[PDB]
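Quick heads-up: it's one chain on its own, the form solved without the ligand, in structure tokens.
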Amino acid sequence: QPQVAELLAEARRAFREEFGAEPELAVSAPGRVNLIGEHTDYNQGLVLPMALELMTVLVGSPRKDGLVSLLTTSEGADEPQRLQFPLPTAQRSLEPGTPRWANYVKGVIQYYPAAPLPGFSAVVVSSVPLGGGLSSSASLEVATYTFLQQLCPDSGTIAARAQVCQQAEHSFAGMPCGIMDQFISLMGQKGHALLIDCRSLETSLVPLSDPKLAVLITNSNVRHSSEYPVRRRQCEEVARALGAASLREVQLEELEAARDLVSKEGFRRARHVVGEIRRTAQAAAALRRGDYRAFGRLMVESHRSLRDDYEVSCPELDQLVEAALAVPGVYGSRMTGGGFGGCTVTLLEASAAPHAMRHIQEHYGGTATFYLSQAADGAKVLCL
């Protein structure tokens, strides 16, 4: 996978060809994979993501124009890959429009809490596959936010940055996500997974640094997204039915006692959340002591839960997981992200990765892409 220096150079060449000068500021923000703890973040639960070596790099310079001039080199983006617009004012504010990819940067600008924000020129380069479930969106948003910090440093907390980037995805991209993706992109540490408590936003670094251990990401290359807001609504319905603020304050037994207060579908939805939250806490402890096969088994429980109770999996994802579990050296595997496509995360012995890639691909009714990634750092400034 491409490294920051190679990407930074690509962004510099493109900025030169496009604007005639060298960029003055450089910034990067990684993608992410969730090892376990799915569909718990908007339930104030626990998550265990790690930052990927896949990355977004932004280079640029301030302008006197009050204008924003943007260029992205990613081919999978909505055309046109270039866009320019004036800075928002108290009079007129930015508006979500076309091209779609620029809405992510527009939103971060609109909700940035510091002033005065100058105009700027910038080019975007990325090794994060757009729409593949590794949070290219969050990578883009956090990169933009980190870039704006160079033009106009902010005062508030890191959590505010995550919430600023999340607000943008809500209002300008129309996707009501949780804080997880933005948070891991901001808070990742290389050679570590990040156990995130989405109620208190307290953070715990769980070491992930074993040359014998590999994390295999498999993209199903499918994306069937309209049920995510439906699941979010169901969980809230069950929390009200039980007189609770969120499903995090609910454990299985209390859910069992109140079975008749919620719908049958609602009960299965809540059962995943309550069970995933505990599975996540168990996986963090298992990972601290190096119990990889225990962690792998918790990964498979998560997948079963996501497949049957939460119903956000799909045949492609299910087929990928089973093939992965047939390969020797695999500790566990499951879908990651929202579901209905996207990627599969697999914990396995590093030596088994080549064979795992061959076996998974051969038993998959479709084209599969693979990324072998280590735990990486979060957003950072790059000195040019």
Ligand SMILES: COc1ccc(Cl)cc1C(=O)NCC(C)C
The other form holds:
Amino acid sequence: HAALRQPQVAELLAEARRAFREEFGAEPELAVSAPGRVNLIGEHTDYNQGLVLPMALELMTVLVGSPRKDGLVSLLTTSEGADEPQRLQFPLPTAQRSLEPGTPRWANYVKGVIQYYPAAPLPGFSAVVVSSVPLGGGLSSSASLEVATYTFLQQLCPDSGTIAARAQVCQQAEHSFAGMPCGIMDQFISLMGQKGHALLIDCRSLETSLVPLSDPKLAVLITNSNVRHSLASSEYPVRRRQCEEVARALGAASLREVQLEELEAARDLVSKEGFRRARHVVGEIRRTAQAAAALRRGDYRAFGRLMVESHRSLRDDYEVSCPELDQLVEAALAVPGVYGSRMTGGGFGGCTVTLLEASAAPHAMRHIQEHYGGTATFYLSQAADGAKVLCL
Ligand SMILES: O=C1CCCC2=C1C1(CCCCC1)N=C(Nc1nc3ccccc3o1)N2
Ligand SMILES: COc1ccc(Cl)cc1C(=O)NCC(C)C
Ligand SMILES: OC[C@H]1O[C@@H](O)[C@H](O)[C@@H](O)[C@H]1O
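Now show me the form solved in complex with the ligand, since the one above was the form solved without the ligand.
Expanding to the full complex; the earlier chain stays at the top.
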């Protein structure tokens, strides 16, 4: 019932630096950091060209390294949650032959970003990877590694592209090398986050707004279920297809073009579950605009309430909650000074996010732990920076 230590850039850097020296026998030339994410509201909207309101966490992936002249990639990772081996080497992909996904799984993230990095000539490199983002804990560890990877290749061989194009590369890596067809959000927030700000992302226009998210009377409590049902992986692409079918059945480019009136009128042209999936998306996009508005004018109570409506939508219409998250939500909402709680991320496990009076975070943690049928993990994050570079 205490908030886990969040090591700062400087300490994770020192750790990666010590590790790099031991493994390669020379100080690294470069250092990058990219954070994980919590989504405040706007779940399953991103691949629906909707609105998302994520913020970057203090939890991050650091990567320290050095260019090589031999064209090969040598990786070590210190994240002992990672799958064996901790070390991998492979040559740069060529016109002739490409990197392929395999073992160990953690390296597929680096391989994917390197495969789709759009700027030549990319040299080989030696790199240590360290992370505070809990691996597959539903705060976008993978996106943090993809974006850190991207940030590092930029030092090797500058791109000339947009922030969104870089996110799209990281997302391609997730799709093709991790086999998780994610939307743009996790990569976008990891690139674009700013200390003290949530990032409203229009996943249609790709417009973004840094929204002041700084009142030291309020806190954001992340609770890890420490659970991940197999459906988190298998049912994610099912939701995407269901959403896509409902949009085909309505002549819509996306569910962003569809309001509840239109959707109710066409009840006959879609499945019982189709209609339910779409009802959530439509309502979640509305609720994200509403939450954005509420945040600007300082209406924490309206914001918390919209969080509770997003969770109910996710649990009943989208059906991507699970008993553990349901339990952590009802627990959190029973604590004086809690304005709202919801599952965040893909669903079927992972974390909940809770907005509450800062002075209440301690009591919230005691009560959620006591009421949780398993063992919950706690972080208290303010909004944090996106991808950063330190020359060494
Ligand atoms: O199996 C899954 C299924 C879906 C979620 C996904 C996990 C694994 C796969 C590889 C190892 C264990 C968990 N890891 C990623 N993220 C990740 N971020 C990292 C940062 C530094 C080092 C390693 C990292 O692995 N999340
Ligand atoms: C998610 O955060 C908010 C949601 C709504 C409103 Cl009106 C204010 C905040 C805020 O200023 N939190 C302070 C910091 C802990 C993010
Ligand atoms: O809001 C649901 C979200 O699920 C995340 O886990 C995925 O990485 C995002 O792209 C978004 O679809």
